[PDB]
Amino acid sequence: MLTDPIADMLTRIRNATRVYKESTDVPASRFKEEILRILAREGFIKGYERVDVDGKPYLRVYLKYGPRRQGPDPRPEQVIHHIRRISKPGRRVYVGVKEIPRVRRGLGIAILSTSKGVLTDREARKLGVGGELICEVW
Amino acid sequence: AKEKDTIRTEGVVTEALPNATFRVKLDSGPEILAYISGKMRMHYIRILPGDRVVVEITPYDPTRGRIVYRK
Amino acid sequence: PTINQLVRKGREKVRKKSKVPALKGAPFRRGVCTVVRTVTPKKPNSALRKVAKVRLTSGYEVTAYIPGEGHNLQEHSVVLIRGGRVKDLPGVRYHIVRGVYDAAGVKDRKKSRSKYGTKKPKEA
Amino acid sequence: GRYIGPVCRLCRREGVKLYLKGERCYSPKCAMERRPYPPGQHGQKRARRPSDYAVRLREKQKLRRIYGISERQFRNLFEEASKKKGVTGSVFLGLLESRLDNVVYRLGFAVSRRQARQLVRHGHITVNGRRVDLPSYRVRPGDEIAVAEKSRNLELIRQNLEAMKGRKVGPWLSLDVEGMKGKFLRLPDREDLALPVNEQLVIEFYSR
Amino acid sequence: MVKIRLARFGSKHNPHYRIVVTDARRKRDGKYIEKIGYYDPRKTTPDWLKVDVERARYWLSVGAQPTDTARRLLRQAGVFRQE
Amino acid sequence: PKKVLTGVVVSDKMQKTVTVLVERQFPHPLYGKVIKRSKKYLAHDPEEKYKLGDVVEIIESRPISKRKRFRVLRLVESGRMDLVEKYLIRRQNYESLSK
RNA sequence: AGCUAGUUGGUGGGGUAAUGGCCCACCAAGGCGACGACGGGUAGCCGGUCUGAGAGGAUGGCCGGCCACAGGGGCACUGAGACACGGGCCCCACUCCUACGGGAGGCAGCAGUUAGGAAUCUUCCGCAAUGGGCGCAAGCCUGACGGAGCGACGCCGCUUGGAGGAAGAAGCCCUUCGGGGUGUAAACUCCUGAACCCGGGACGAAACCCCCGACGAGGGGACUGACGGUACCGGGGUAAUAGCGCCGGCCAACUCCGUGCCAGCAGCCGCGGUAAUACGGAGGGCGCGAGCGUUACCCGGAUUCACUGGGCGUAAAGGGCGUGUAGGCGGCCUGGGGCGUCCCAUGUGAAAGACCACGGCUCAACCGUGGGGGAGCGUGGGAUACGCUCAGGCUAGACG
Ligand SMILES: [Mg+2]
Ligand SMILES: [Mg+2]
Ligand SMILES: [Mg+2]
Ligand SMILES: [Mg+2]
Ligand SMILES: [Mg+2]
Ligand SMILES: [Mg+2]
Ligand SMILES: [Mg+2]
Ligand SMILES: [Mg+2]
Ligand SMILES: [Mg+2]
Ligand SMILES: [Mg+2]
Ligand SMILES: [Mg+2]
Ligand SMILES: [Mg+2]
Ligand SMILES: [Mg+2]
Ligand SMILES: [Mg+2]
Ligand SMILES: [Mg+2]
Ligand SMILES: [Mg+2]
Ligand SMILES: [Mg+2]
Ligand SMILES: [Mg+2]
Ligand SMILES: [Mg+2]
Ligand SMILES: [Mg+2]
Ligand SMILES: [Mg+2]
Ligand SMILES: [Mg+2]
Ligand SMILES: [Mg+2]
Ligand SMILES: [Mg+2]
Ligand SMILES: [Mg+2]
Ligand SMILES: [Mg+2]
Ligand SMILES: [Mg+2]
Ligand SMILES: [Mg+2]
Ligand SMILES: [Mg+2]
Ligand SMILES: [Mg+2]
Ligand SMILES: [Mg+2]
Ligand SMILES: [Mg+2]
Ligand SMILES: [Mg+2]
Ligand SMILES: [Mg+2]
Ligand SMILES: [Mg+2]
Ligand SMILES: [Mg+2]
Ligand SMILES: [Mg+2]
Ligand SMILES: [Mg+2]
Ligand SMILES: [Mg+2]
Ligand SMILES: [Mg+2]
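Protein chains in written order, with the authors' numbering: chain H, 1 to 138; chain W, 1 to 71; chain L, 5 to 128; chain D, 2 to 209; chain P, 1 to 83; chain Q, 2 to 100.
Calculated from the structure, these hints are not laboratory results. Note that beta-carbon positions come from the ideal geometry of N, C-alpha and C, so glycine has one too. None of the hints are false.
Far from chain L, by Cβ distances over 10 Å, these chain Q residues were calculated:
hint: 1; residue: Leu-43
hint: 2; residue: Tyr-51
hint: 3; residue: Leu-53
hint: 4; residue: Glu-78
Below, computed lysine-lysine pairings styled on PhoX-like, alpha-carbon distance capped at 20 Å:
hint: 5; chain 1: Q; residue 1: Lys-14; chain 2: Q; residue 2: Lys-41
hint: 6; chain 1: L; residue 1: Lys-114; chain 2: W; residue 2: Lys-2
hint: 7; chain 1: W; residue 1: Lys-2; chain 2: L; residue 2: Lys-54
hint: 8; chain 1: L; residue 1: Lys-13; chain 2: Q; residue 2: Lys-34
hint: 9; chain 1: Q; residue 1: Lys-40; chain 2: Q; residue 2: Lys-67
hint: 10; chain 1: Q; residue 1: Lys-4; chain 2: Q; residue 2: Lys-67
hint: 11; chain 1: Q; residue 1: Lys-37; chain 2: H; residue 2: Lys-88
hint: 12; chain 1: Q; residue 1: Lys-4; chain 2: Q; residue 2: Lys-41
hint: 13; chain 1: W; residue 1: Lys-39; chain 2: L; residue 2: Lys-47
hint: 14; chain 1: W; residue 1: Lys-2; chain 2: L; residue 2: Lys-111
hint: 15; chain 1: Q; residue 1: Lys-87; chain 2: Q; residue 2: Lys-14
hint: 16; chain 1: W; residue 1: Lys-2; chain 2: L; residue 2: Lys-115
hint: 17; chain 1: W; residue 1: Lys-4; chain 2: L; residue 2: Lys-54
hint: 18; chain 1: Q; residue 1: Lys-37; chain 2: L; residue 2: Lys-13
hint: 19; chain 1: L; residue 1: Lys-119; chain 2: W; residue 2: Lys-2
hint: 20; chain 1: Q; residue 1: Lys-14; chain 2: Q; residue 2: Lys-50
hint: 21; chain 1: Q; residue 1: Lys-34; chain 2: H; residue 2: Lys-88
hint: 22; chain 1: W; residue 1: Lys-39; chain 2: L; residue 2: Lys-46
hint: 23; chain 1: W; residue 1: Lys-4; chain 2: L; residue 2: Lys-111
hint: 24; chain 1: Q; residue 1: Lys-67; chain 2: Q; residue 2: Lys-41
Work out the full structure, taking the sequences as your base and the hints as a guide.
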């Protein structure tokens, strides 16, 4: 069974980025959607929409890439280099407002789920809240 | 100090023992455990039981010697 | 492994065995010799290294490496041990510390004194 | 104590002149001006590849010797610098400078650092009002250094003063050249000083 | 009995004292109840002795019984004065 | 603030005593993985008003027995044998895996 | 791997300042347990201390708090409080006296003896301060404490000089015989002036006491030093202890003689069996410096028990598979609960330390003062994304 959804989604995204597939699919939830929204806001993805493949709610995830730098390994520049799902199940990581990570000392983000909705570390700082660190992104 | 209170006494090789150690039957009494000198090893000079060899013996423990002379 | 497993068992803390049973972790232990002999090293090296079977105030009989240039130790003599593995020799994990009790200092020693128990020689 | 022994030997070792006697360590005589090579037997021997560690060590020695301090004290100073907020290197240098003996030296109260230290020890120097005889002392800025009144008589001191009578002091210090006084105003910077130190290397050395 | 008493804290020949509130039967340096005053007999300090007055008064009211030195100090810092 | 707990009846074999399993959820000191620790408390109820399968509120009281220091404050919710069954199964297993 | 019989609960009693299996009588037959009981080892615990980037790991000396014990065990008594360190009773262990019937003992209080042992202090002064007890008080006591002594045991501070002074004395060492090294180092000139002597010499100590004032506040007065004639100031006043380790790589520093797998070194690789940058010595260096090395022990480096942070086809490592219990985890929507989770407030988190600021001892150690932080925990409010839980529903999982 798909034991995590969010993590799976992230993995799929990563795979897509690796293979230079311009848009990936993934089943639809609210949490997932929220995460995607945040990503979009940041600039980690071109866009996203919510299709119905077969009959099941699904997400078009329009991936982002950097300009085709020529030479040895011409493969398109990576926008998302690494994205690790931090608060896995059976190891749920909750950081406080003191403890929210300085992810790549700024250049990237941690997707934090808080009582005041899904958001980024800067946003959390602004509101002055802690919560659950779903994932790391850079 | 570099101590030369060492005994340089003859001994007919009695016993073939491991690792080029050979109990050699001295004419300074019994057969002590006397081992090959490094020079011999270098020159591949073979000792079998029955060689009248000079054996270097320190007073501290005469138990162990040294086959100084090439037979 | 996986966090639940860890929780169940934990990590088996690397409990460390010491290289010296001089006991009490005693920096030094004193004792008296049962024998005093010389020992062949092994197969890398061939020399004759002076060593002493010494009974201890804790009871553990140890062959113990005498260092220096040549000792004056007899048999029923009080010696003090600092330990510290000798590489070549078997059963010997112990240096005798010359300069205390019956192990009098390394005579003629003139360079590295402290390790050997040599009193200062008088200059001009 | 200090180094206390053959000094310009250190200069020879370093590869660079270190003004440790002052005069002569100014003239054609620091053995560096002539003889510019390490002491000992192999002075002119083939100059070999210094280890990464080695260079750092050398740098540390240079710096430490320059001010002439026991290693322990130096270490402590470094630690303090590390603790205290700011650029650990520049700050460290400043702290080193802020030392009483060094302060005395930089005023032109004595031509040499060891000499300055000796002077300080002997109750010749008075900071603000008290004699201070402990050369490690931290001259905290906004402080005035003076010659002691019952010893402002001394010929040597006068000579030293004359040697600086006219010639310009550093921008962090000041002096009354007549009434045998002195001011310490700015806790000096890296760029305020012209020592052959590269404090980064020192820091690196300390790290392990 | 509870006393307002003094506690030594400094060093050899360099003493310092904490005018303090605590039960009789403790170490003269032990876990007291409340630190309320500090005093230096060597007077070196420009602001040497200082006590917190209201707290002291409160303690007195409950019936904290000061020892002699402590009493003196309190008087000096005007705890026992009345106006 | 007399320490209060939501626990579940597991036994009523003793006069006036209701055995209550408190499942306390806390995060591991080192790992943070949220553990689920059960602790039995024997509780005082002069009625035997409570039965197995019931979830109840438990107050830190003054003792009545060597190791019985809780009165049952109030009943929360009856009709959840589920939780008790599990415990019983576990207990049964405990005997089995020995020899 | 099962443990339990006062053992788990009950009723009544006793006992306790008080609850209680604390104990007892009677009844019930439970209680605990792999979420690790019982059993064994280990070990006072902690605030902390050390390390560490941190998370952590070890450690629990001094200083502070709590406990427990006063030869071992057992017991009470008195009292507000002990099951009573210098109080009692009893048995035993042991030493002491004995007119052999019995007695007296207990330094794990300071100091010291003795033993053990690598190893650890003076049978010190003082009641001055501070605190303790008593007392109306004076005062009395106080091996608490305050100090001194001994030990570089630790930290920190200072001295063993400084300024000049050869294209380079000797001495020693190397050499390609020219030379180089030691090394401005010396000597020598100049200056300073620890030691050391004399003159003075404390802060710490103003109270408690007496009197005015009512024995209140307030006011005046007096006594009061173990340290110690010390610290410290003023004059005088002498150039006046240097050591220890290493020197192949790691690792900072290189040559010659002596030795020849010998004697030896070694923390590891290893070096030595005749030209050894590894051994012995000499010079030279280099590290540190009144210390420096060795050894022990702890962490680190070891991301080498791995949470941060490793793995498992062949390196050590997947179990022989299956079913399945506990346990762990779990799709999508909607709503509630609000336990997790977060947050705010606030209570706590003693002092000492660590951290910052400033101050004091001539600096610093050391201390003082102020502040900040602090994981955790409690209490009141809040938030619902996520986990939990309750309810309803969905069909992607799963089953038919
Ligand atoms: Mg021989
Ligand atoms: Mg008093
Ligand atoms: Mg009752
Ligand atoms: Mg019982
Ligand atoms: Mg036990
Ligand atoms: Mg123990
Ligand atoms: Mg720990
Ligand atoms: Mg007893
Ligand atoms: Mg009573
Ligand atoms: Mg008793
Ligand atoms: Mg008593
Ligand atoms: Mg007791
Ligand atoms: Mg004692
Ligand atoms: Mg003795
Ligand atoms: Mg002994
Ligand atoms: Mg003492
Ligand atoms: Mg007396
Ligand atoms: Mg009387
Ligand atoms: Mg008496
Ligand atoms: Mg004392
Ligand atoms: Mg000179
Ligand atoms: Mg003079
Ligand atoms: Mg005098
Ligand atoms: Mg080198
Ligand atoms: Mg050596
Ligand atoms: Mg090899
Ligand atoms: Mg070596
Ligand atoms: Mg050598
Ligand atoms: Mg020192
Ligand atoms: Mg040392
Ligand atoms: Mg194989
Ligand atoms: Mg299965
Ligand atoms: Mg299950
Ligand atoms: Mg679950
Ligand atoms: Mg779920
Ligand atoms: Mg604190
Ligand atoms: Mg404080
Ligand atoms: Mg100060
Ligand atoms: Mg449902
Ligand atoms: Mg089918």
